[PDB]
Each structure stands twice: as structure tokens, then as C-alpha cells.
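First, one chain by itself in C-alpha cells, the form solved without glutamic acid.
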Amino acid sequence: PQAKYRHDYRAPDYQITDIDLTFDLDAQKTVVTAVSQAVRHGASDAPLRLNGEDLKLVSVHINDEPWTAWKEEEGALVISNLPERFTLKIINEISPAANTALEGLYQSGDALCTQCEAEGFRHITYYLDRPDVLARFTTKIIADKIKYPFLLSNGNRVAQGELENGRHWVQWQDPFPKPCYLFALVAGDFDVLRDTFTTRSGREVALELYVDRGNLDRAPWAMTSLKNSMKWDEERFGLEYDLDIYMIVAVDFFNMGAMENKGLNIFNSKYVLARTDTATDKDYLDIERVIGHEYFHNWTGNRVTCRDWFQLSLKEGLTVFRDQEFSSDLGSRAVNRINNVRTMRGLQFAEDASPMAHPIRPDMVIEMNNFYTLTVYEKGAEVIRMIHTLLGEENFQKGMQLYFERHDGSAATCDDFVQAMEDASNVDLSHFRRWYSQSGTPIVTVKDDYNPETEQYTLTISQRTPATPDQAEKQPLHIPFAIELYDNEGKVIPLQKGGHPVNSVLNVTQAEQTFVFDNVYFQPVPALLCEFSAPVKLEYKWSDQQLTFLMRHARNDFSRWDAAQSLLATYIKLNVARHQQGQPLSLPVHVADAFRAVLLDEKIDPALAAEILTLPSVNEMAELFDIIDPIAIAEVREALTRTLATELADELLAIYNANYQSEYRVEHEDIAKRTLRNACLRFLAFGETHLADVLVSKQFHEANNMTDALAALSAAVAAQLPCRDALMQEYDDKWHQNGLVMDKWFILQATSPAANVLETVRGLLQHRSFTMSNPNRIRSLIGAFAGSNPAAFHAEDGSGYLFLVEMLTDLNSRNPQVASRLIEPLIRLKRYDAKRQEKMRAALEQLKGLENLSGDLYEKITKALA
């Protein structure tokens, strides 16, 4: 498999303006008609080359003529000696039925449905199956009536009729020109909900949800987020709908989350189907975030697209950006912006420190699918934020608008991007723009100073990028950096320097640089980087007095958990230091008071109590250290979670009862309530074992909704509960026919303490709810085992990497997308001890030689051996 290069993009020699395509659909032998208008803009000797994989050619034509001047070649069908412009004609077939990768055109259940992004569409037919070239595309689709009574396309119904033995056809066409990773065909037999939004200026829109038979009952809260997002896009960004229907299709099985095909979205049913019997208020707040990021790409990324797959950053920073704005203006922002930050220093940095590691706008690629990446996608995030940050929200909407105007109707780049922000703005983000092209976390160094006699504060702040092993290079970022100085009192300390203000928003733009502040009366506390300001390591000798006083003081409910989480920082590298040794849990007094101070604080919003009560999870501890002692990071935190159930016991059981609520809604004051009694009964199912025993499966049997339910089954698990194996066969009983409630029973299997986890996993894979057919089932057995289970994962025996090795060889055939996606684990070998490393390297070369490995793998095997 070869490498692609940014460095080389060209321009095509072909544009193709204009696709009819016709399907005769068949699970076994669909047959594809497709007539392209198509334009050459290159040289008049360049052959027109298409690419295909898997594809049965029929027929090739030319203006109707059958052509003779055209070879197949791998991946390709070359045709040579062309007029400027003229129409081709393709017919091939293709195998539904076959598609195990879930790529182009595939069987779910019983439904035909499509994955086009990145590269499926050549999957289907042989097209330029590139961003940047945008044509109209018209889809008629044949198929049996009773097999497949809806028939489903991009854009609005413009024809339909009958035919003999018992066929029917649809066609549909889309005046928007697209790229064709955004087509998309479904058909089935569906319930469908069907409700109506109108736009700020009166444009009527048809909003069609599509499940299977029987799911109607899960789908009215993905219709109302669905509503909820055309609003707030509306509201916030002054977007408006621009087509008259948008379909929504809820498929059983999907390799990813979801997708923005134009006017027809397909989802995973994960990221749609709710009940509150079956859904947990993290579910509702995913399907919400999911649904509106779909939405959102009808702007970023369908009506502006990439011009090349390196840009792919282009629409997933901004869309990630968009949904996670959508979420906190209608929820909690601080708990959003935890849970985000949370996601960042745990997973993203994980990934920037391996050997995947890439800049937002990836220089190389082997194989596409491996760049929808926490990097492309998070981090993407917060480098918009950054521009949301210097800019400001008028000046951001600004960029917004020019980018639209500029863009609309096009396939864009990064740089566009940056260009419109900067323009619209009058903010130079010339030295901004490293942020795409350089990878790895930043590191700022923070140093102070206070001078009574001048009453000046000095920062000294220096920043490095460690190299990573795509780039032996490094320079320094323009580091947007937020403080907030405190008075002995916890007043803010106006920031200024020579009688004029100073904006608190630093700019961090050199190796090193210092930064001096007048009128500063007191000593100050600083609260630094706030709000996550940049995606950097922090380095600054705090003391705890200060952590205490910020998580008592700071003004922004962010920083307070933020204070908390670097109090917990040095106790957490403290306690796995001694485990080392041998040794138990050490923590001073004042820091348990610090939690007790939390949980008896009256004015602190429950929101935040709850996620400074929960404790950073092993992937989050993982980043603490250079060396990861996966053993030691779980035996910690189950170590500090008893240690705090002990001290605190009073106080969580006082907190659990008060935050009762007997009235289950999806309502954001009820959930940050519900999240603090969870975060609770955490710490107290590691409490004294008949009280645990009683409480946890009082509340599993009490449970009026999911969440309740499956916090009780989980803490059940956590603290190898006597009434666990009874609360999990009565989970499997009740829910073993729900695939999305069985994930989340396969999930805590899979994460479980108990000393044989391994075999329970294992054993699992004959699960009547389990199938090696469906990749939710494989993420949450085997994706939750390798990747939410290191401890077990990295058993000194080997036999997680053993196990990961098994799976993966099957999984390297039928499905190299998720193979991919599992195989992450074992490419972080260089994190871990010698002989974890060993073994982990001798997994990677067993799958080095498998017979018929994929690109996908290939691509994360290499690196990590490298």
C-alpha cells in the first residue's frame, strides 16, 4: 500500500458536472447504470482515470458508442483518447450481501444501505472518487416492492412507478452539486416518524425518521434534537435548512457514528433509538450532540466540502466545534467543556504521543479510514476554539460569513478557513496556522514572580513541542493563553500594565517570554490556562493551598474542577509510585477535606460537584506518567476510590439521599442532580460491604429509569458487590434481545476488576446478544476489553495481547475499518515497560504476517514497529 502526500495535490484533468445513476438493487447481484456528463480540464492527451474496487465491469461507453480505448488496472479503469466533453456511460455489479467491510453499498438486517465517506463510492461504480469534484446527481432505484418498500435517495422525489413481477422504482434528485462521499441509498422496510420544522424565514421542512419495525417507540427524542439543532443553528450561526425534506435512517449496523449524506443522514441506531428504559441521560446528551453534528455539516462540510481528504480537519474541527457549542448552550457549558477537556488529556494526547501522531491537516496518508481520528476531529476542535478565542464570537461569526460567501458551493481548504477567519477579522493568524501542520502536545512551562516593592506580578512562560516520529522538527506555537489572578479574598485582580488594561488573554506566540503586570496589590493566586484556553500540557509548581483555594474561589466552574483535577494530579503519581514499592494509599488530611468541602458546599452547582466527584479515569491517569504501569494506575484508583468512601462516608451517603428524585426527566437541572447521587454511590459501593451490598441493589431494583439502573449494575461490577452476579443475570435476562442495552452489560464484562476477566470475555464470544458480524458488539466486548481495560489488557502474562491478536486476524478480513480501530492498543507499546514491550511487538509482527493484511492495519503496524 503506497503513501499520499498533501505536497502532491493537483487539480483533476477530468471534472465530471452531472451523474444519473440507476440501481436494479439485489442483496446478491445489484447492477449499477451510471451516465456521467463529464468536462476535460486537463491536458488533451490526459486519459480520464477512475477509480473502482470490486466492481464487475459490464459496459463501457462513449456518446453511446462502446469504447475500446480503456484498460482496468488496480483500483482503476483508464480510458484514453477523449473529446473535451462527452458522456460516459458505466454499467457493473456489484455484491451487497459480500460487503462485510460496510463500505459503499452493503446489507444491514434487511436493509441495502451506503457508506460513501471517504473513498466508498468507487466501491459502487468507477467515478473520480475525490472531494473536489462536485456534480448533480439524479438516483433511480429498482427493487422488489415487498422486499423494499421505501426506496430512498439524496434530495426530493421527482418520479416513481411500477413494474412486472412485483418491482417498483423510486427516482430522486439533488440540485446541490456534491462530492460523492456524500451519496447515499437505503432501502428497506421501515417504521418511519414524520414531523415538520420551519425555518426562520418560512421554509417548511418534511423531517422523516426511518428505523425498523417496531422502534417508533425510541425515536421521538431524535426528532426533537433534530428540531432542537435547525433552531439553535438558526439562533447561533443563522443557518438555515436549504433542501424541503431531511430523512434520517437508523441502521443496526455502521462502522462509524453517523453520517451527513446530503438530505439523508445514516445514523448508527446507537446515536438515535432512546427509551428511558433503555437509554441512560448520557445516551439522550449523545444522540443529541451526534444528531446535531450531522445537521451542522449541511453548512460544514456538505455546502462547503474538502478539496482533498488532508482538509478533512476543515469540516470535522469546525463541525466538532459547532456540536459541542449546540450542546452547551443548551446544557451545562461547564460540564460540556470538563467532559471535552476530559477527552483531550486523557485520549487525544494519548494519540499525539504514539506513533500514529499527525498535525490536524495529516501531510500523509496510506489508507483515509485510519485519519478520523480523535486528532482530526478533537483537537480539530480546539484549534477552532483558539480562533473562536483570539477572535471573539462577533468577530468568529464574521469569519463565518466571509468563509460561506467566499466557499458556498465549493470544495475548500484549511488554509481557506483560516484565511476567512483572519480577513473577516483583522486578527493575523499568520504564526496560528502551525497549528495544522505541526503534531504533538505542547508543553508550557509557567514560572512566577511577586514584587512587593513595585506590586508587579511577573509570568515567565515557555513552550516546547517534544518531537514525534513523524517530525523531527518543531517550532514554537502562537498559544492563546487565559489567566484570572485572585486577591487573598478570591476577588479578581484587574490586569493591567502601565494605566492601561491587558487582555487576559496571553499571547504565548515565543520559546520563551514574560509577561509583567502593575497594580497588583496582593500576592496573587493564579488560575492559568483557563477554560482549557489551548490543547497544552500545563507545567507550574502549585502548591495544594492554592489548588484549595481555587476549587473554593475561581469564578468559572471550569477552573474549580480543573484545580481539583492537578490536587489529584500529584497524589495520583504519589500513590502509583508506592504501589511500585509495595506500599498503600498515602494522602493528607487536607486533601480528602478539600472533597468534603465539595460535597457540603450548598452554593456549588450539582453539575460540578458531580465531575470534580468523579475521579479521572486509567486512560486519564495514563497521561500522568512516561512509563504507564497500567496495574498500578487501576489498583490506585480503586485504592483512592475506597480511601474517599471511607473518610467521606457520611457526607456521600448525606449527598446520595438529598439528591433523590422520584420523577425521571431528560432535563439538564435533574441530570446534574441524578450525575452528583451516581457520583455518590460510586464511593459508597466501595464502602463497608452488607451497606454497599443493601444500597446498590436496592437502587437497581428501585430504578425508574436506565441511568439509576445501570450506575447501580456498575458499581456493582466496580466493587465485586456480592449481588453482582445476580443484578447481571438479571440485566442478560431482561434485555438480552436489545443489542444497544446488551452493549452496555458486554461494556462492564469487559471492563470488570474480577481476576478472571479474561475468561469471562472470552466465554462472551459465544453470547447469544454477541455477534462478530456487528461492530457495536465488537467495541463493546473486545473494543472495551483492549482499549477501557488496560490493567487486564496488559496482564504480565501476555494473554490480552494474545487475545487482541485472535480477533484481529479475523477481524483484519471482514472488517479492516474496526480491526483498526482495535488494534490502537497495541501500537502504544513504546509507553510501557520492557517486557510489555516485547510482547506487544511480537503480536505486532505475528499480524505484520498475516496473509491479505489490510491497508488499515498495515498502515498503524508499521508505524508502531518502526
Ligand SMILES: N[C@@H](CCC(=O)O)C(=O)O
Given for the second form:
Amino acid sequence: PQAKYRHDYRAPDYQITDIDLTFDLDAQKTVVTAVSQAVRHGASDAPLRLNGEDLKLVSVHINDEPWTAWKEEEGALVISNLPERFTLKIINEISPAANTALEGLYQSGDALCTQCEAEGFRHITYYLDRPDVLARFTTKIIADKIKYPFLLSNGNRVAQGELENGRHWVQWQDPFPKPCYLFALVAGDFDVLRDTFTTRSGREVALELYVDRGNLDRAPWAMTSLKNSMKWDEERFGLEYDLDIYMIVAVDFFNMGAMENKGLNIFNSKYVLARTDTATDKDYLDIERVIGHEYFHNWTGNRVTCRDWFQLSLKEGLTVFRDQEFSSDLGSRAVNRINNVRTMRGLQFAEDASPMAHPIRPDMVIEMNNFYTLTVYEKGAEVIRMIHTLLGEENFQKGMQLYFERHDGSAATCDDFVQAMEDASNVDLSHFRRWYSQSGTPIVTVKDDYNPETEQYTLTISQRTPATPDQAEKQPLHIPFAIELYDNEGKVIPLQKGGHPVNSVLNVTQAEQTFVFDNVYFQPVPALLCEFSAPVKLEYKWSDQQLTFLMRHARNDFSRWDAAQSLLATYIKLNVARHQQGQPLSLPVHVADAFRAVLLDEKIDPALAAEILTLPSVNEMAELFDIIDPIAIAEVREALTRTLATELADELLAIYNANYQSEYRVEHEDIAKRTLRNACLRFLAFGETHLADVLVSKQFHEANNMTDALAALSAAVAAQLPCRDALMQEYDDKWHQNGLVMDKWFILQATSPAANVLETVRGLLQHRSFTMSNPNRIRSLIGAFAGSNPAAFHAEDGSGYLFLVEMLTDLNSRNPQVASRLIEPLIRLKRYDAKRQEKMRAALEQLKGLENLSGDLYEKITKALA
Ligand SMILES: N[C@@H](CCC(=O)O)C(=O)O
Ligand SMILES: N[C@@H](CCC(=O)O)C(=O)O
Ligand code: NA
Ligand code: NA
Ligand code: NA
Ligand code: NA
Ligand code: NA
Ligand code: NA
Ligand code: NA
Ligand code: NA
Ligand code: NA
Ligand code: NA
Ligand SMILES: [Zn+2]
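Given the form solved without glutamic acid above, what does the protein look like in the form solved in complex with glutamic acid?
Entire complex below, previous chain first.
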């Protein structure tokens, strides 16, 4: 399979302006009639090249003439000798029930639904399946009335009828031109939650949430979140919804999270369904974020779309930024920022050092579904947030307004967006654009000097990005480097130079530069890279006391958390090296004392405390090392947990008890208290066994909400407490019929520290609640094993790799998109020791030899084996 390149972009030879679709729907055989109005833009002799995959062509007409000048080739229908303007009519057949890849039109239980992003519409009919071709759609759906009483597509209902033999039909029209990736169709039998939102200018919008029969009890929070999203976009961005109806359909079988099809969003039911006994606080907040995200795409993605798929971050970085801002404004900004930073340093940085490393605007792609990445999404958003840091809110909004004023109704590029921001603000972003074209994580080194004779503080800041597997050449970036200088009392020292204030966002644009501040009356403790102002690794030689001082005094909550992370990083690294030499954990008393102070500080927000008392994950730990030892990292994380549990035992119990709440509420103060309480419980579970067992078992049995029940269960598994098997069986017996609730339990099984975890995981392939046909179950069992239990995945006998090869051998044929997400832990082999690399390479070579290797896997495997 052949790579496509960003520099090869060219405007299409033909446009389509209007398309009228009819579906004669049936799960075994659907007949699609597509009537497109086309216009030639290129040369008179250019054929029209339509994309199409796995279609059965029935007929081709041009202005009602059966056409003879065409041919089928791999992936395409090529139609020659055309007039300049014409009506194209294609009839073809497809088979939804055979669609195990869940791309195009497929079956989700008894429903039929679509997923067209990125290139799935070509699995439905022959089309210009590229996002710079925008057309007005009309969609008629004909189906069995008993099986498919609801027939939905984008926009509004314009026609409806009944036919003989128990069939009926509905026709839909959407007045906004769209690229075909935004097409959707749903047919099925649903319960429907109906509500309304009135926009600020008085437009009344009907809201309709479709769920499987019996799930209306789990719909109101998603409805509430949709209304919150619509109100927020109006308040913060000035943006209103532009249609009459907003439909969301929750489906169980879906490869991603959710999809922003105009007026008809299709969601993985994981990001819709919640009630207090089934969903944790984190599930509530994830439903909120994803609901918001898809809603925000209505402007950033739908009203202004992407010229080509290389511009994916134009809509994804910006929409992720918007969903973070939404979450942050409604909830705890510090907790949101901390968690996004954990993702960036712990998961995205690992991608940026991998064989799959790419810039947020990629230059080369084999399979575009492989580029729905942490880089494009999360790093994309950090790039948008850097623009915001450089411009300020008011200028940023002016940019947003100019972007829409120029580009509403069209496809655009990342470069168009940056240009709107530059032109509206008058800030120069020429150099800043390099963030779109350069891959890898920059390393920013800082040295300081305090001169008591002159009362000057000098920062010498350097940057470099190491070469990555995709790019040998790297250059300096425009890095917004936020600082704050603290005096010995903890007060902020005004930044200034030559008797003028200096902005606290430094522009670090060179390989090396110095910044000099005057009137620095006391040797400062610096807070560096405040609020993770750029997505970089920071190298500064902190003393432990500087870091504990920031923990006690820093103004921004994030800086207090970040200082704690830097304090812990030193001791993680220490203790991994010790573990490799057979030595036990060593931790200075003053480190333990710093975390004790956080536990007992009455003035700290409990949301912040809880994050400081949540140890970095094994993934965030791995990013501290050049060569990863996953066994050592897992045992050190445990040992550190046990050490803190012993040293802070009485304080932990005291805080655990003080944060008890009898009422359950999905409200941010209550969530914060509960996150603190459960963070205490996690340490307590690793303390003295008897007390641990009693506390955990009681919380599980007495909990009045899944957040508390699951925190207890998860602690029982992690600390291997006596009560573990009994609690795990109670949960299975109670919840086995509910796939989303069982996903939590599969994650716990997959991530268990027990010596026989792989044997248990293999056995769960036959569990009553598991099926290989459901991407959520695959992710929760197999994916959590490979990705979230690196100690077991990387067992020295190589068994983890062999298990993954076997699963991937099935998934390569069944669902390649899911296969390709799941291969990710194997393509990281160069981070591991030689004996592990050798085994991982042999696993990859076995996969490279599969019959009918999918393009999705081929791309990752070839880069990994290079
Ligand atoms: N554009 C969707 C994801 C669809 C996909 O992965 O294809 C979103 O980010 O919300
Ligand atoms: N799971 C324990 C630490 C052991 C480990 O994470 O490897 C905890 O989460 O608190
Ligand atoms: Na068009
Ligand atoms: Na139309
Ligand atoms: Na907030
Ligand atoms: Na594909
Ligand atoms: Na410029
Ligand atoms: Na210094
Ligand atoms: Na220093
Ligand atoms: Na840090
Ligand atoms: Na822990
Ligand atoms: Na099963
Ligand atoms: Zn998105």
C-alpha cells in the first residue's frame, strides 16, 4: 500500500454540488442510489475518478444515459468523456451485516448506523471521498417499519411515506454543504429522550437523544451536558447552533469515542450512558467532555472543514482545546490542566519518540485512520493553547472571529487558521508555524544566576529537539516560556528590566538566549514553564527545598502539583536504579514530610491535594527513562505507595474519614472531596493488611455510587487484599449483563499485579460478558493488558507479546482500526532492553507475514522494523 503526501495536494478536477441518496435498507443487502450534480474544473480530457471500496456496481448513468466510457480499478471507478456539467447516477449494493470493520454502513446490535470519517463514505457509494468536495445532501431511507421504525439522517425531515409489504420511508435534507465524512444514517428501534434548547438570539432547537430500549434511565446527564455545551459555546465563543434539531444516537459498537456528523452525532454509548450506580465521577466528566467536543465541532470542523486529511489538527487540535476550556470553565481548571499535562508527558511524549512520530500536520500518511493520534489531538491542542498564551483571550477571540468570517462554508488549512490569528492580533506567528511541521518533543534547558551586587537574575535558556525517525533535521521553535519569581516569603517579585515591566511569558526563539531581570531584591525561587506553557521537557537543576517551597507557596495550583512531580521524579529514578541492583526503596524523610504537609494543609483545595497524592502512572514514570524497565517501574510504584502508606498512616486515615460524604452529587466540590478521599484509600490499602482489608471491603459494600465502589475494588486488586476474589465475584454476579460496567472489571483484571494475570486474561476471552466483536470489550481486556500493564505485557518470557500477536492475527481481518490501536505497545520496542527488543521484533516480523495484512498494521509494522 502506497503513501500519500501533503505536498501532493491539488484541487479536484471535478466538484459535486448536490447529491440525492436513496437507501433501500436491509442488513444483508442494501441498495444505494446516488444522484450527484457535478461540475468539471480541470482539463476537458480529465476523467472523473471516484473512490469506492467493496461496492457491487449495478449501473452508471450520465444525464440519464447508460454510460459506456468507464472502468473499475482498485479502489476506484474512472468515468471518461464527460460534459462540463452533468448529473451522475450510480446504483450499487453493499452488505451491512458483513461489515465487521465498522467503517461505512454497518450493524450495531439490531440497529444500522454509519461511520464515514475519514474515508468511510466510499464504502457506501462511489464518490469524491475527500473533504474539500462539499455538497448539499438529500437522503431518502426505505426500510422495514417493524425492524426500523426510526430512520434518521442529517438535517430535517422533508418527506415521509408508507409502502406496501410493511416498509416505510423518510427523506431528510441538510441545507449546509458538507464533505461526505460528515454524512450519517441510523435505522433502528430506540427509546428517545427529548428536550429543547433556546439559543441566545431565540432559535428553538429540538434535542433528541436515541438510546437502546431500556436505557432512558441513563440518558439525562448527556442531555444536560449537551445543553451546557450549547450555553458555553455561546458565552465563551459567541457561537450558536445553526439548525432546528440536534440528534445524538448512542451505539454499542463503535471504533472511536464519538462523531460530529452534522445534526446527527453518533456516539459510543460509553460516552453517553451514565447513572450513579453504573458510572464513576470520571465517566460523568468524560461524557461531559465528549458531548462538548462533538458539539464544538459544529463550528470547528463542520461550518469550517478541512481541505485535506493532513489538516486534521485544524479541527481536532482546536476542538480539543475547546473541550478542555469547557471542562476547565465549568469544573476545576487546575485539575483539568494537571490531567491534560499527565496525558501529554506520559502518553504523547512516548508517541513523539516512537517510530510513528509525526508533526501535528503530518507530511506522509499510508492509512489516515492511523493519524487520529495523541499528537494530532493533544499536542494539537497544546499548540492552539500556545497561540492563546501568546495572544491573550481578547486577541485569540478576534482571531477566531476572523477565521470564521473568512472561512465559513469552506474547507480550510492549518495555515489559514494561523494566518487569521496573526492578522487579527498583529502578533507575528511566522516562526510559530514551525510547530505544525516539526515532530518530536523539545528539551528546554535552563540555568540561572543571581547577582547580589546588581540585584539581577539571569536565565540562560537553551532548546533542542532530538532527531526523530521521520525527520533528521530539527530547528528551534517559538516557545512561550512562562515564569514567576518568588521571594523568601513566597511573594511574587515583579518582573522588570531597565525600569519597565517585562511580560512573564518569555519568547524563547533561539537555540540559546539569556534573559536578565533587574530589581530582583531577593535571590528567587523560580516557577518555570508555568501551566505547562509549552509542550516541552524542562531540564533545570532543582534543589529539593526549592520544590517543597513551590509546593507550599506557588500561586497557581498547577505549579504546586508540578513541583511535586519534579520532587518525585528524582526519587523514582533513584529507586528504579536501586531495584535493578536488588536494593529496597530509599526516600529522604523531608520528601515524606512534604506530602504529609499537603495532607494536613487546611487551605489547599482538596482537588489539588488529591492530584498531588495521586502518584504518576507507570506510563508517566516510563517517560523519565531512556531505556524502560517496566518491571522495576511497577515494583517501585508499589514500594513507594507502601512507604508513604506506612509513613503517613494516621494522617491518611484522618483525611479519609474527614472527607466522608453521605449524599452523592455530581458537583465539583463533592467530586474533589471524593477524589481526595479515594486517593487516601489507595495508600491505606497498601498499609497494614487487616485495616486495609476492613476499610476496602466496607467501602465496597456500603458505597452508594460506582465511584466509591470501584475505588475500593480497584484497591483490593492493586494491593492483592484477602477480600479481592470475593468482591470481584460479587461485581461479576451483579453486573455481567451490562457491558459498560463490565469494562471496568475487565480493566482491573487486565491491570492486576498478580503473577498469573496473563492466564486470567486469556481465560476472560471466554467470559460471558466478553466478545471479540465489540471494540469496547477488546479495549477493556486486551488493550488494558498490553497498554496499561507493561510489567506483564513485558514479562521476560515473552508471553505478553505472543498473546498480543494472536489477538492481532484475529483483529487484522476482523477490525483493522482496532488492531492498529492495539499494536501500539509493540511498536515501542526501541525503548526496551536488547532481549525484549529481540522478542518484540520477532512478534512484529510474524505479523508482517500475515496473509491479507491490513494497510493499517502495515504502516506501523514497517516503521517499527526500520
Ligand atoms: N472526528 C471525531 C472522531 C472520528 C474518527 O476517529 O474517525 C472526533 O474527534 O470527535
Ligand atoms: N497500584 C498501586 C501501586 C502499584 C503499581 O502501581 O505498580 C497504586 O495504584 O496505588
Ligand atoms: Na462542491
Ligand atoms: Na441534494
Ligand atoms: Na472552573
Ligand atoms: Na482502511
Ligand atoms: Na508573520
Ligand atoms: Na544557578
Ligand atoms: Na538554581
Ligand atoms: Na515536573
Ligand atoms: Na499509588
Ligand atoms: Na463471551
Ligand atoms: Zn474531534
